[PDB]
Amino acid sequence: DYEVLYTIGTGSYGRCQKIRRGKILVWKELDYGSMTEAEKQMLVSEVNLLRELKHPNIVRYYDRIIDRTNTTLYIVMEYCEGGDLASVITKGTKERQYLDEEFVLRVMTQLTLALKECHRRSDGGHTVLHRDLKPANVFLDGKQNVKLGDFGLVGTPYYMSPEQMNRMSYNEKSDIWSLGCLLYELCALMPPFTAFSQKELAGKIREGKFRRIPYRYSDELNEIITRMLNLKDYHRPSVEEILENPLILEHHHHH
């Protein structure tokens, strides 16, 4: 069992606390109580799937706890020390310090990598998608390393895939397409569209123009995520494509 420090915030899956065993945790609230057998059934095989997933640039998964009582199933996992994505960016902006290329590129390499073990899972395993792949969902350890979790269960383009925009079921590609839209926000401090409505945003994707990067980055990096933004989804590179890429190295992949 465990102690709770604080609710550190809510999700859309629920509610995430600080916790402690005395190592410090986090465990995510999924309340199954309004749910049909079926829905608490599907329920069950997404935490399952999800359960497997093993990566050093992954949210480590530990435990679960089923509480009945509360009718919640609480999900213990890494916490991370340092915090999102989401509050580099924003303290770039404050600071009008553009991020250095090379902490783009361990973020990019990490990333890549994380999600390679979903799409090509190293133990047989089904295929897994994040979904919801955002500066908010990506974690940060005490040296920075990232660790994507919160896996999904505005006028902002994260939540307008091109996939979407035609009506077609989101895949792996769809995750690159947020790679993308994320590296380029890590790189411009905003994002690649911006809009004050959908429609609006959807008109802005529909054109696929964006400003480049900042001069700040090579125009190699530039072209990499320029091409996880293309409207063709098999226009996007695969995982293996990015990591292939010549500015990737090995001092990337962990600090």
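For the two forms, the rigid core is made up of the largest set of C-alpha atoms that agree within 1.5 Å on superposition. Positions refer to the first chain, counted from 1. First, how it differs from the form deposited in another entry.
- 70 is the only residue from 194, 218, 197, 70 whose Cα shifts by 2 Å or more between the two forms, the rigid core being superposed.
- Annotation: Cα of residue 31 displaced by at least 2 Å between the two forms, core superposition.
- Core-superposed comparison between the two forms: the C-alpha position of residue 207 differs by less than 2 Å.
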Second form
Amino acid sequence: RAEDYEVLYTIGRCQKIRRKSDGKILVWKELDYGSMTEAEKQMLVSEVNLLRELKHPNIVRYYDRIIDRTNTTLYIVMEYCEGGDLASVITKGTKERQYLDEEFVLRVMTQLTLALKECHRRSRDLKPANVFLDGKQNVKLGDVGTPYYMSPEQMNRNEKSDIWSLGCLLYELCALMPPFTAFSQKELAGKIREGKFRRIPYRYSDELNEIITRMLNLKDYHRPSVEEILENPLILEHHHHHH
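I would like to compare: after the form deposited in one PDB entry, may I see the structure of the form deposited in another entry?
If you are looking for partners or other molecules, they are not here, because only the chain is given.
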């Protein structure tokens, strides 16, 4: 029950909470369902049950669901990721004019690729705002604007589409900007179809630039598979998750 936890403070509604029994630090996401139709609530139950299923080191862990029919509020209790989201890291870098270490980029590439491999197996938008960092250098995938990560196929007509999006995310991690920018989606679609972009900064190795470039190939069948990505000599044991 909700009484089993103590709210410490609001993060984003998302809140940092402390479990009373053992003092474990978690977060929960608030969801007022008071205004939902029966149909929309059924979908919510099926989705929440979906989330309890997937267990993986590189996917935000969902522990519990708490119903409070009083305020008609649903609480999804989950792992706390002290490093926050990847979008903020990029913003911080953009402002402070400071590029991220290649080591960090390799970690994100390795651990998100493992998250994707798992998602594909059980068959999650892959943007920086949906990628979280914990306290031990681990990277976790969680669950109107310009569609920077839209793939060529998605613009018309596929796991290789996920590879493209990962390519976009990693590219932005390095350059601190997306590979294709524009003011309107039509202009954007134009640039994507051309498939051209700047090389990531020179502080980054040719090998790293090479694989990000491959993920951004116009032909889905030229993009590396999850398996081919992980075979890359760049990727080592220490880049993986550690408890």
